[PDB]
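Visitor: Take the given structure of chain F and dock chains E, A, C, B, D and G to it, following the hints.
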Amino acid sequence: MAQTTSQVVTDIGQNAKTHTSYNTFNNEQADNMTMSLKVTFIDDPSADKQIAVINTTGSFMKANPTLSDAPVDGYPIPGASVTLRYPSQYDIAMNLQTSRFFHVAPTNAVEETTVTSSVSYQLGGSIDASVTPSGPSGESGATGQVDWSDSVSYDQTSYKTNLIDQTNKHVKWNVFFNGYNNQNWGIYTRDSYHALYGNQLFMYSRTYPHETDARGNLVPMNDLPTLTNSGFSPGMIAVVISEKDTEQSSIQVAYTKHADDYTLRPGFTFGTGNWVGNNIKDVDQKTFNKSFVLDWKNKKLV
Amino acid sequence: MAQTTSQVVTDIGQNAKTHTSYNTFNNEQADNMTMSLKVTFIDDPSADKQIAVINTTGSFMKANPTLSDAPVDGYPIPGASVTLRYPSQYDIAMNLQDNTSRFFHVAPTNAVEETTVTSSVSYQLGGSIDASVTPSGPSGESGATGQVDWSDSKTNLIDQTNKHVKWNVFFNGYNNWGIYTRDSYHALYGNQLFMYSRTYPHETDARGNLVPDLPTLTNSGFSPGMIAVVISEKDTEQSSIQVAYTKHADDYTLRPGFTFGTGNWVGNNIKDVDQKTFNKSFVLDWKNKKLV
Amino acid sequence: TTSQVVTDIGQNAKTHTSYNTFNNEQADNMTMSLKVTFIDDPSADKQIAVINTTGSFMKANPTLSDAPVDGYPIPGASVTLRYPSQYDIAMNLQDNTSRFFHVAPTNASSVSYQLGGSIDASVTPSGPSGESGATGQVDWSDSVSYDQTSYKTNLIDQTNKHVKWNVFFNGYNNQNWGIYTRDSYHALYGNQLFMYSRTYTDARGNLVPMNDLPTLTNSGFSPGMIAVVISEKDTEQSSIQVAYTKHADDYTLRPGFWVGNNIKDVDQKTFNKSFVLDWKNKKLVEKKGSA
Amino acid sequence: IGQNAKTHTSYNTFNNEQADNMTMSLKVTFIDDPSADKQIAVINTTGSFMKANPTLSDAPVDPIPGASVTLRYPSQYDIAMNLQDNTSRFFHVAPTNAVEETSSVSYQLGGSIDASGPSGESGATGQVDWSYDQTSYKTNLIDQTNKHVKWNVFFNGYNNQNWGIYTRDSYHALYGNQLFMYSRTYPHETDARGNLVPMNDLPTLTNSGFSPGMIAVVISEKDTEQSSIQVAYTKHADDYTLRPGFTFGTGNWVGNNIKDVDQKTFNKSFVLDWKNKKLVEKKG
Amino acid sequence: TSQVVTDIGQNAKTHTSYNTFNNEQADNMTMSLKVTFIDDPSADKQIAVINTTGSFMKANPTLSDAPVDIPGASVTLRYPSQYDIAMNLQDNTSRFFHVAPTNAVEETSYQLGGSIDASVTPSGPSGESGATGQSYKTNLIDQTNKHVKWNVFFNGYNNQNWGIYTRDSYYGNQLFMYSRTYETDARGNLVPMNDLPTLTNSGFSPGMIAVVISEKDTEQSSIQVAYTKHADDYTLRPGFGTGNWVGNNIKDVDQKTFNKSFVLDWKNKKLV
Amino acid sequence: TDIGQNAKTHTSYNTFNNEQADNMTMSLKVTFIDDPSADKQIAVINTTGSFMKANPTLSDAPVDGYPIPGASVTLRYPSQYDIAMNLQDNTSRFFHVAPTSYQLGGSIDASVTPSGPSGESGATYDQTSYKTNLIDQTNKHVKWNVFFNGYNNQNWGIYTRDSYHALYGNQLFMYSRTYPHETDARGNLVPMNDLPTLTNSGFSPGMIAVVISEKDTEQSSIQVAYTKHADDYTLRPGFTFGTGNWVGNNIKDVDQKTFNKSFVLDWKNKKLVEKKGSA
Amino acid sequence: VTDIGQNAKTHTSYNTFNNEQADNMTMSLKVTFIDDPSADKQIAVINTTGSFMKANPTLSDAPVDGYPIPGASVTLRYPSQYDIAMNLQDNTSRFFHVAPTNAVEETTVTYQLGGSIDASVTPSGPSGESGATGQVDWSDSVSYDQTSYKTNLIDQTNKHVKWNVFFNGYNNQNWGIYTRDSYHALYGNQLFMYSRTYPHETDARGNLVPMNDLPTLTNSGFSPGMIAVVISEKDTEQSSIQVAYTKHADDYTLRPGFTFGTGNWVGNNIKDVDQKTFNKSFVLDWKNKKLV
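Protein chains in written order, with the entry's author numbering: chain F, 1 to 97, 100 to 304; chain E, 1 to 153, 162 to 183, 186 to 222, 225 to 304; chain A, 4 to 111, 119 to 210, 214 to 270, 277 to 310; chain C, 12 to 73, 76 to 114, 118 to 132, 137 to 150, 155 to 308; chain B, 5 to 73, 77 to 115, 122 to 147, 160 to 195, 199 to 210, 213 to 270, 273 to 304; chain D, 10 to 109, 122 to 145, 156 to 310; chain G, 9 to 118, 123 to 304.
Okay, chain F solo, but in the shape it has when bound:
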């Protein structure tokens, strides 16, 4: 179609569809994850090989606990120890054990900016008068300003969906986390340090905290993004092509969840009147992999 040619023609799908859509779904309840996949085989005899479109769907939960509960520790210990396992990285892999992973979705696109360069200049003039013991003034101003502005459609932290290293064998994605505006103040990230508060991305009372248990001094789950409390739903699409000479293959479909443990403690300097929040990188990881046979003669999948 890029050469004033008919659309949906250069595109495979003319007198050859057979549309052999298959589905297989599975759950790993230990980390309460739900895999989904959607394959459709297209075998056009005009081509040399048989094409198969793979669509992964479903969702994968954050499953956000607070696993270290030391409420205040008034007298013996220098203070509380409350942690929260906030997930950060969500790597998804499809490792072919055959034939190449031809297409990969989504990809990288443009980022939208609006940089502004403003200049303004002014003039002034005034008069003041008096009669009885009092002095008059005068004024005649002149001003000139230059303003520069920036603005980008950054998707808060949400979870940015980058396309990490591909292969015709191993496809990967690393949908990371960036930062959030806790209680309308922001934007704070995983790096932002304060001399007397630490990281406040997960702080609840943003002015001065009453001396309460840190198990209930966290900003609530739903006071944070929709994904961070619920889970992301993949829509990643991949395609596999194999020759009519070639036959059955054995795919792997891995889904992972990196997790971070943002912690609140007075034990990490001060924290008595205020309350300090801290973050230690890459704490929890869990993996669940699964293999699948791609039949190519009857164009099923088990």
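Check the hints yourself; a few may be wrong.
[As the list claims (entries may be wrong)] Below, a list of computed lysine-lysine pairs in the DSSO-like style, where the Cα atoms sit at most 27 angstroms apart: (1) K292/A to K171/C; (2) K288/G to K49/F; (3) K162/E to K292/E; (4) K292/D to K17/B; (5) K246/G to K17/D; (6) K292/D to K171/G; (7) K302/D to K246/G; (8) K17/E to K288/F; (9) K17/F to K171/E; (10) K174/G to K292/D; (11) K17/C to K17/A; (12) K301/D to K17/D.
[Stated by the list, open to error] Here are some, though not all, of the chain A residues that point toward chain E, as calculated from beta-carbon distances under 7 angstroms: (13) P45; (14) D48; (15) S119; (16) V148; (17) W150; (18) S153.
For the record, the hints were derived by calculation from the structure and aren't laboratory data.
In this text, a Cβ means the ideal position worked out from N, Cα and C, and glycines have one as well.
Guide: For chains E, A, C, B, D and G alone, kept in the frame of chain F given last:
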């Protein structure tokens, strides 16, 4: 399409077993809710299994009463408790019995949220001259400044499975003054989320000091459009899904918890006060491809 | 992962029926309209029928009290105008459960800091001055939209029996919204939602004109609300009701105690009618038979 | 409707009223669905109607040939379809009326030292800050029935050379309405025919004319045989006038308008002739 | 309902697209036409849609050039203003109706203060407490059944990034002046043509569409198709005391016409 | 109202050639449609391909050396581009062508000494790359000038072929002034890719025209001209006034590279003229 | 109908992919042959897909993190240019339509009076002020493709077609805009800086702005979707295209160079240091319309 493929090929619906649309509707009047469902069976011979799409519509009423008319009977602590049951969460769950089949693709989900952080910087210069009387007397001025300006500008999915899928319809904020949330704290007012009149209007009962001017949903109701999909083997015959409908509610009251000078009425609201549940099961016949 | 027009019912179906019935209620100058279409999918369990309500209902906004206009208190401004506020339209299935069902429509930080520097001079003095400023701002703003004129097709409670809609009124910018946010207040003006002149003369011509206000408020809204009823092949008849209502308020002005006042629903009139949904021959409250 | 019904009997009938240079147009297509109960017919009104904006002053009457100059600027354009109160029932009319679709607070702090009266400071400040058809041709659906349907495309106000905003109702402080004024005090004693903003210096429609696209539909039983619909077209006019001598002071020009001065209507009926649907007056 | 159907297109017979193009080189104008005759049996009459395309040049000269002459230099430029297009059917034949495109409508705080000041021994502290409270419009003159007209006026343009000047903006007019300060030939003190709007230096490309219907009994018709160009003569003078450059223009100076007739045969739906 | 109903044919032809002197690539896409319902036969011509800018600084190559006359850097940056289509003054007809606030105040102050108050009461563009114009067409010669207007160099702007300054001249392609690296200005120009996508790479024409001739008529030798035009901005610390003020000025049409090839339209003989005979 | 390819029998889409693991590049290509009998020649559309990784190392990361002698000598090899070329052998030729293309970059370029009175007591009266000002603001803005992905089409031919997806600039920690030539008097280039001043002791390998704190492309890989088409006469028999894939790289480095300062980290960068290329030829058979 995104795979340089022809449009509408990867998706099923070709020489497939019709669009067996079924329908079932009922009303639970106690909380006056009206459930609706519309299933469509697709039996693709090219596929290995049989597809069925479940679409949930209809409507759920809020039925928001004012159950505490204290200011009207005995004025306890001048101008007392008027309560309002503002519902907050609306969980809808579909829990298939843990022996039969698997749940599959579900709509809606959570989505990326986009923000726009701005960084503006401006710098200027100044200059002026003054005149006076009493023979001879000018002044002068020469300014220089620089500014930096920064500007900026919920349907949650609680744990799902191939067996139990659930959603959490949260609440975000309200305004003509600034945003206030389900937790917004005032040192001398508490939560003022639905406050109308500050400092008392006429020492009136709080039955008529509430802001009426608020969203369409509360009172009227939102209509769900949630979609789910189930696929089952061609050999197997039946299944027993559950469909739970819930309404968690909060009870914001306007009472003299605190009162100062001109009756500065105080408002407080506490989460998840009232709950109501309404479940019903449905038979997933797979050989005759219906559902009651 | 589904195709287009595949989850939708509409395959190898049977005669789409598409009947019509229109009538006028002239007392309140009302025009009722209905759009029924029966669709009988053999693949389904039951028979589907889509009802589309159309036509219109006029506001016909008068000023019905123009006489106190001479002298002595309560005089040349005791002018009332019956401005309607709420427009509920109801479809109450005969309490017997013909299974109502699906329905349409439905319901749904800045910071700036600066720095300064200056010098002050004179003519024959002894010393100059200097200045070094520092500023920092924090700005928070909001803005709402959607249905400002508030003709919002809210969906008040539906059932398997009675479906309803409430297109109410919130507020508008009369003249130039110099005041009145919406059924609001003023300590010396009252409600200014319907004020033309703040100082001004007969009060019949000191009102902001009918056409100086939104298109609907002077003319009337046309419903397009559609509902669908599905019933078993066992059933052969149905009995919906179709109510049309017009709640109205009587906004009145005053010279002084220029005071204006909004008054909650005072006078209303309704026009409802039921319809027979014959399912074995697809007739309505009209026409006859055949064979 | 209109599914596997065929017919699609598009007819056309046009006439011109040259006195006010109006051009009526109609576009009917009859659809007879056997699945339906009755016979459907959609009528589409098109064509145009001119504004014909004159300045008909200083006309055979002439010390003041440059005084009291009027312009008959139209305001309302009502289009009506009045079936006689004994026929087949009017139904759906297009278009309809639709819904038409900020608060900021900022607080700051200050503090300064003036060195190198003024030798100290400490500030605190707080601020609170709060799709118009400017070419006002609002297309309202004014009172109708299943017998007489009407429309009121009225006019509201304009942005005179981006300077305003003035309406036909709101009046300049001590000038009346200046919406069609070009120069307020520069031409001190000039002829009043030429102190207006040109016809083209204001919206596109105001000097030329609107083309209707109003569509209506009539349905009648298959038992019934004939109908006698009427379709009226009207043209209201306003009288904005310019004169000098207001309160003197550099020739303040008086701008005034006494509303609803001239009116014109152009109606004609048509026989639908269901028998053959000829929809062109006449008879059977 | 049947409201958005109005289906003439359906089973439209003969699809008789015709084409004819011509040029009038004197004013470098190019007329184009696209006719299609449709004889729909469902209709009463036979319909024919005419689509006008092509282009028309501005051809902007400066034909009065006295280079350096209180009395100015008198260099004028004939910048055209109005572009009238007329279609004059003889006042006895069938009807004309419908016109595309059409005209459209146009879519268009309280604060507080506070401060405190400190100073030295006999000076005194201060305070503060503030409070505050705050063009190528395409017009469609009336259609008729025979004689249709178009005018499509223009008002003004914004000279290089500054201000706005119209066909009535009174330096005098600087609409076509480049530098006002102060003295070459006045033929070359104008802002360059490509530094001015795209239309002013090129031309307009008509896209006007019209439709004609005629009764099945009657035969042939004799339409006119006029193309016109009203022109204005903007004039430049370099002082007409400081030496500033003054610009003047008077409306409706030059007009030129190029008309052509066409036979509407109706029994075979050919247009020559 | 559009030709394409029971019209068959669909005889898409193509002819491509390269002009290596300016490294230009002309492309053509003709499709003949002979609708029997019409009177004449329709043929749609679509010109595609691209033409490189090839923007040099003709004062280049390693310098160091022993130069007396300062630096003297020039750049031949093209401005206008044209795609004329001139059918021979005796052929068929060309029928259609594409593209075508107030406030108030009040305040109070308090002080020391007898009677010490004080009061206050206040009361108050498709720039940056080119333009796609259509100079007047005819039924014989259709021709357009895709010229260039202005750019915002290094976040400062906007500057244009007319942009003036009292002490720098035109700075449209300036990187930095006053003392810029005070080296050769060959590496003091704003980089070519710091400028529009077109200016450093080349524009791809997409102009569409259509030719129709009567079923009676024969032959229509057309001609497809392709041209370019460059501006010559000069910048040097050898014609200026020393004291920094490194000024630079720009002039008009200086370089041109026209390319032509009268493809015999063959309004019935298809095979557009190509390598004439065997190659 | 203006578009060719309708009922165009041959749609013989083939695919051929390979990976070069040393610099971890993976080439992919997608051709479909269409043989239109109405035309004179046979058309073949090639779609380049797959991806190419940045694989961004810090290869000079301070060996043992030595403070005064090694000091601040951590570099980062950030690639800049990504040229993709298709060079037909000089006997076949006949390149035609190429996607994507270039386009116009879009830009958007864009008085008061006073009066007041002051009053006091003591031998004194009122004061006055009457201001008058006027300002003229001038702004501009485009939709910057700032991060990277400026997708230019350098000169095409019937022999060699090329693309230069360059890199332009970035907003380092939301401040900008900074480019490869952005100089500061005391810091050099800050395009790749994390911390504007560290108190003397951090490793400079972990003093970089994090990888994901930089554009999506910069840390992962660009995925081409670039399409080209080759047409050849029915007389001709075969052709030999080249498909080169390249990655020019820059070495952004913090190096003593000019000794050191008061703990402030200087950043510098020199262009186009290391590059890697991966080319391969392919036979475009035209009789059986395959391609190895």
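Visitor: Compare the structure with each hint and give your call.
Guide: Here's how the hints hold up against the structure:
no.: 1; hint: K292/A to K171/C; result: holds (20 angstroms)
no.: 2; hint: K288/G to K49/F; result: violated (32 angstroms)
no.: 3; hint: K162/E to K292/E; result: holds (26 angstroms)
no.: 4; hint: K292/D to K17/B; result: violated (42 angstroms)
no.: 5; hint: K246/G to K17/D; result: holds (22 angstroms)
no.: 6; hint: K292/D to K171/G; result: holds (20 angstroms)
no.: 7; hint: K302/D to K246/G; result: holds (14 angstroms)
no.: 8; hint: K17/E to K288/F; result: violated (41 angstroms)
no.: 9; hint: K17/F to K171/E; result: violated (33 angstroms)
no.: 10; hint: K174/G to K292/D; result: holds (26 angstroms)
no.: 11; hint: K17/C to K17/A; result: holds (17 angstroms)
no.: 12; hint: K301/D to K17/D; result: holds (16 angstroms)
no.: 13; hint: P45; result: violated (9 angstroms)
no.: 14; hint: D48; result: holds (5 angstroms)
no.: 15; hint: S119; result: holds (5 angstroms)
no.: 16; hint: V148; result: violated (10 angstroms)
no.: 17; hint: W150; result: holds (6 angstroms)
no.: 18; hint: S153; result: violated (9 angstroms)
Checked against the numbered hints above, the structure violates hints 2, 4, 8, 9, 13, 16 and 18; every other hint is satisfied.
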